[PDB]
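Some chains omitted; the rest stay in position.
Residue numbering begins at 1 within each chain, and the chains themselves are lettered A and B in the order written.
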Amino acid sequence: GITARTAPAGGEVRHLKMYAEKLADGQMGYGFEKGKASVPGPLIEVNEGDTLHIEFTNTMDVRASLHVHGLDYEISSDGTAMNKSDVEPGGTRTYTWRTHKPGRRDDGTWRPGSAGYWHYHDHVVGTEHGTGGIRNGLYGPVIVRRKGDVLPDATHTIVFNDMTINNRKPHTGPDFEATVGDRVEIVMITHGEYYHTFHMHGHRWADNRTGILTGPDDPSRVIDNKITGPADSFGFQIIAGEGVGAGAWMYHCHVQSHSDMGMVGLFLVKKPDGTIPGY
Amino acid sequence: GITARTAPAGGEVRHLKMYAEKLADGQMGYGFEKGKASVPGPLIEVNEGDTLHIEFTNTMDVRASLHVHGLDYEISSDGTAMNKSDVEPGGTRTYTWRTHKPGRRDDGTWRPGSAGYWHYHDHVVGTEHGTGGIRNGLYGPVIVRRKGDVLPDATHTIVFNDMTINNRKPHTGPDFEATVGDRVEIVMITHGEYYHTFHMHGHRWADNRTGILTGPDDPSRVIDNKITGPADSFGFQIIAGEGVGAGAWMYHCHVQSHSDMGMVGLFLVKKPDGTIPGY
């Protein structure tokens, strides 16, 4: 990324409120505001070095928590019953997530770095691994950017949760929309019981941390199809319609009975005039 | 690759005919000529930069199509019913696949590049995701070479399609044959309903784009066993019998009930005299 927008150095303390709430249809969701919970829950995005203090309130009548992948947390923020890190009905707790930049340890080794595509979810609704909470919709994405990472025009979250996408009914999407040439970021998370294969028509990405290649030397596989299982997370950027043009470009699980039974959506890539050939 | 044969720069327009045909036993296959359809379908191999105009004829009495992974195609060549890209019984359509080399975009980012191990398959027989067509044998491999890629002595295609290899009956192979020291390329594709693990005895490869390491700096895992799911594709080269000698070297799915029920074949690596110790 030279003149594309790139992430700055991180290092700020940030604060945020989150709620877990039962929804009217029986699902459960997270939100930054009461009455505005979503499934998936809202995107949290930070830079390496940032600390995030989340003031979490459980508005439900059963215990619930927040567990995160990837980021640094102490045991008091693991979100488990075992470590007394869950939240009673109506209660509030502050969870802290930290992130760090990569760098050389004293022994001359290289410490990895927090950056990546991650996710948060419940760990105590229905079972002590959060099986009911996850099923009901308590999951959401987290992005940690490294300094210099390329930033997108927009970010969409796609979760394969059992045999649904984002807890939707079969064959109801979601659909996402872009214009030819937009830089679109996809955060792809899987939950539940089953393995899946995520496929996008007309587009492809690098099987590495960022989903993009910095230059000619990266030997990573370039793919359009990727096996995933429960609690896996990856992400990538694509240039919408790059080399292929506008169209109603399908994305789906490529396990045949899964696509047949509704794990399908559309990436609607428009011309400037807003039209889509064949749609 | 210094003095091994390496792929040249691409950039040619190529033309080819393909047919979909029902076979006498009830399967369905692609071929470059009528009466010579195979399962898997024939290998298509191009260099990055090439364009391929495929003049496709559906000789079957049901609609059928050709969808490809990885390569650049416009929406009119996606092979779906939705985009009116399938082919009626007896009909002909020209599908176009393009490929591009990697390079620097105007924004200073690096555009990936088409090269890889890919595949084509039907998208409309039995269901609108091609479940019946895929089951019946409408799939085949595609290789896109980058300039400088090492070329093999021979290429073999292994497809895990449900609980078959290449739609064969249990325990009937296929078997492949080589001589110690041959450079053998394997294209490995999975289709259907199930996950698998591809394993080869006596040999190993790099989990990256080419399946080979260019030099000492590539940190990719070297493996002999790899989980795959529907529509996954990867490929590699091995030197037959390198460091291990001649033998009837098994390859199989390593999921235990799958190997037990017949997802097994042999890589028959011969001495110059044509014999195989233990066989």
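Assume a contact is a pair of C-beta atoms (placed from the backbone, for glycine too) under 8 Å apart; a residue touches a chain by one contact, two chains touch by 3 or more.
**Q** Quick one: 2 copies here, how many in the whole complex?
**A** When the whole complex is considered, it contains 3 copies.
We take it that only the chains that are shown with their structure count from here on.
**Q** Tell me the angle, as a multiple of 5 degrees, of the rotation that maps chain A onto chain B over the C-alpha atoms.
**A** C-alpha superposition angle, chain A on chain B: 120 degrees.
**Q** Could you put a whole-Å number on the gap between the CA centroids of chain A and chain B?
**A** Between these chains, centre-to-centre, one finds 31 Å.
**Q** Would you pull the chain A residues touching chain B in the complex into a rising list?
**A** 1-4, 150, 195-197, 199, 201-202, 204-206, 212-216, 219-227, 239, 242-250, 252, 254-257, 259-260, 264, 277-279
**Q** What part of chain B is in contact with chain A in the complex they form?
**A** 67, 69-70, 72-76, 78, 80, 82-85, 98, 100, 102, 105-116, 127, 129-131, 134-135, 191-193, 195, 206-210, 213-214, 218, 220, 227-234
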